[PDB]
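There is one chain below, alone, in structure tokens, taken in the form deposited in one PDB entry.
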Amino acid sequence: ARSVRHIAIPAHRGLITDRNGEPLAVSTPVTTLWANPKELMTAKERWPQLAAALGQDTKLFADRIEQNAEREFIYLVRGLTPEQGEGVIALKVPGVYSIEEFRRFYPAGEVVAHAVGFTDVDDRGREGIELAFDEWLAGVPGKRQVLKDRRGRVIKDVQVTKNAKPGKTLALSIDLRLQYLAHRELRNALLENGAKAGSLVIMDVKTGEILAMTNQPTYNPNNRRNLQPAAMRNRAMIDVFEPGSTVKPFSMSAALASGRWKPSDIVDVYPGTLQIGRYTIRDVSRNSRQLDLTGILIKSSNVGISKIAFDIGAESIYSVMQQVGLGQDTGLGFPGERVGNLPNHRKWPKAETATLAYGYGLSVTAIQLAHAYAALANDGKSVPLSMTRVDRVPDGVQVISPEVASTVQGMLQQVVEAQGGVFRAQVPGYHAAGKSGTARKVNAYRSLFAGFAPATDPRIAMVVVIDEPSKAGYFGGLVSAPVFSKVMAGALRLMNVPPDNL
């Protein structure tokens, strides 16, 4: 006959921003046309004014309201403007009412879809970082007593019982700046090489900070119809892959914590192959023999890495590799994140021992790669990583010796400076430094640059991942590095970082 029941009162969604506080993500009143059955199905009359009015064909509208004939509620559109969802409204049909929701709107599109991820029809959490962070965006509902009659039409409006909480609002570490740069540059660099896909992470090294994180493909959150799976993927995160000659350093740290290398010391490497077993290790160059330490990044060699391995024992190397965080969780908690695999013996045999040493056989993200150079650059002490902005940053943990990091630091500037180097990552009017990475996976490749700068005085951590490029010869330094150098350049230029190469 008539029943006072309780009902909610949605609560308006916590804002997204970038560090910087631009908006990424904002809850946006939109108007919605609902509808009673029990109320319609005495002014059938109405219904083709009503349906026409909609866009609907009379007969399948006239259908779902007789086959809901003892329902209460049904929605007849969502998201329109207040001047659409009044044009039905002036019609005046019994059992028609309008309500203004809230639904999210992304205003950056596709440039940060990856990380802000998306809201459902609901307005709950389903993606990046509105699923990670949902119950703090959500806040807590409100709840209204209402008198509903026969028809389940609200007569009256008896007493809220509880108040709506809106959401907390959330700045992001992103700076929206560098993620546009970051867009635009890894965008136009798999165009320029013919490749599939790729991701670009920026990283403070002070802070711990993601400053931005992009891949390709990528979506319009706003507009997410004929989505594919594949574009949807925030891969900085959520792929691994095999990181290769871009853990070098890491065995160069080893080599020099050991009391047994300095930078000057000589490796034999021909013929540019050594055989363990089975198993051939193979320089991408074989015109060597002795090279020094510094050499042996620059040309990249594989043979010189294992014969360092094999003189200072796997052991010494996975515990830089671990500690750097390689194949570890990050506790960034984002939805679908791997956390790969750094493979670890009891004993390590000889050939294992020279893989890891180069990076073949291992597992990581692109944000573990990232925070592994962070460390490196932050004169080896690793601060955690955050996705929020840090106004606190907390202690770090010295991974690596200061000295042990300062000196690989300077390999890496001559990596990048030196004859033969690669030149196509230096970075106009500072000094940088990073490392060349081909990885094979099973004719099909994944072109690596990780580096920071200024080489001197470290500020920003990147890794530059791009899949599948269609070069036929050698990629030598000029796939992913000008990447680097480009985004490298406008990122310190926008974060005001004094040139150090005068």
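Residue numbers count along the first chain shown, from 1. We call the rigid core the largest set of C-alpha positions that still match within 1.5 Å between the two forms. First, how it differs from the form deposited in another entry.
Once you line up the core between these two forms, the CA of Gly79 is the only one from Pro166, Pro107, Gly79, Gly429 that shifts by 2 Å or more. With a cut-off of 2 Å and the rigid core superposed, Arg278 has a Cα displacement that falls short of the cut-off between these two forms. Once the rigid core is overlaid between these two forms, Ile9 counts among the residues whose Cα shifts by 2 Å or more. Once both forms are fitted on their core, a CA shift of 2 Å or more is seen for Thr32 between these two forms.
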Contents of the next structure:
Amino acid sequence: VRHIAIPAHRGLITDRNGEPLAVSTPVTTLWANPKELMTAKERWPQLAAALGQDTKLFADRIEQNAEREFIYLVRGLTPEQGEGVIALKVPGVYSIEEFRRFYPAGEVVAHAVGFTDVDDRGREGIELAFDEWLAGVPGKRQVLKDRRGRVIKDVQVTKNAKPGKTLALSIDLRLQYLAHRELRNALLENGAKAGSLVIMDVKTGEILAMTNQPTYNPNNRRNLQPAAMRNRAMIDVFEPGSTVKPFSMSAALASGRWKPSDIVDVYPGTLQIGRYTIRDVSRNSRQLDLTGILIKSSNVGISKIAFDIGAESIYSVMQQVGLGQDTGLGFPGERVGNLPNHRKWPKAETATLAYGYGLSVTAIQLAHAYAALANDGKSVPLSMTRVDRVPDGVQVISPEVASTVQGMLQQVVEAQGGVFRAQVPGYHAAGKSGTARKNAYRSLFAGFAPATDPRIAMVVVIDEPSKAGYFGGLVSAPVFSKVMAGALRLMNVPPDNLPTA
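Rather than the form deposited in one PDB entry that you just supplied, could I have the structure of the form deposited in another entry?
Partners and other molecules have been left off, which leaves just the chain.
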């Protein structure tokens, strides 16, 4: 047939420090000219066996393509297997040097790095998103004979194969290993269906770690479980629930109508809105200050603040921080989710927006929103590649409001009745837990550290824990603690729980 393509060397993927994540490995593809193969039928059984193929089934294949001038025998053999076939010296058997990807960290960064197809083209994750950058251009050599199939001359070798370009990801493999191990262990300890964990640099917008459970070995090109290949952190949507309350609180503080010391009466732990009932879990409260509403995670408390300030102000904070918004990461199949909106907000939708019931967001959007809040209200564009020059970013929340909300979230973790399991020994950590009824539950924790100068934002999402305790503060908060403690030390972040220096 017409023309053969010389596969280009696909670009190397590394983590932010140059540790290899996806490496192009030489493989040998064997093809044949059936016309010449017919001249050596006594060689076919040995050839069939060297290719693993059945003697009769292989002979059937060749005879069927007797007219064809080219056919593929086998693709992607190791250079050792490919040479064994060439050692047989079978007339009409030819070889082409192809490429296949090897993933040294395997299952650890599978979803982030991605996977390639049979033609070495990106199929998932980064491999897919930066395919054009990584692929380069195939080789151009005119296969010329006369009228047979025996390449008489290697004539015009013009614009030949151009190698693909190297790509350094934002991922730090050291933090990725830790995040992977801890999420894997929590899934097992909780008998959970799935999970996601995202670590972000609040200053640069870099994704330092992104792990999901279940995971798969991208080096094992058979079995391929589609559910295990899902990059849940970027493709699965969920109700963020109580994890959005810091954004409702940001709108309250920016309104001019609320201060942290203000009190909201949440008695009797229920609130009547038309034919709908807002309900708190622990209904043992009356007066709660704004920090108290977050510690007790009062849906009633947050809904009352929402009615006073208006849903517009809340929606705008949530929209500006990127919840239910396009991340601009350009990963095909990435889910945008939904942030409900109205011209005229009824009372029930105002409340559910405020406590995160009406919405669908991804783990990446949630971590990005928490990064804006942690970075004194400045949102920095999300990046899956190493950021050397930080873009300007947008001041979505005023520095004063974001700083107040950070202090309240520090109290959520440290105060009496708080999320003590999120505490990071040696540092001041801040965050908010979430528990969403899908009885099936989703356990959440979103936070950042150190509170003195936030460096890392983290989201821990545990899908369907199956033990007695399913609450976010019980299931996800310790994962945050464990991952945070290690990540801050791996990044040499100085401990900040110090004696008033």
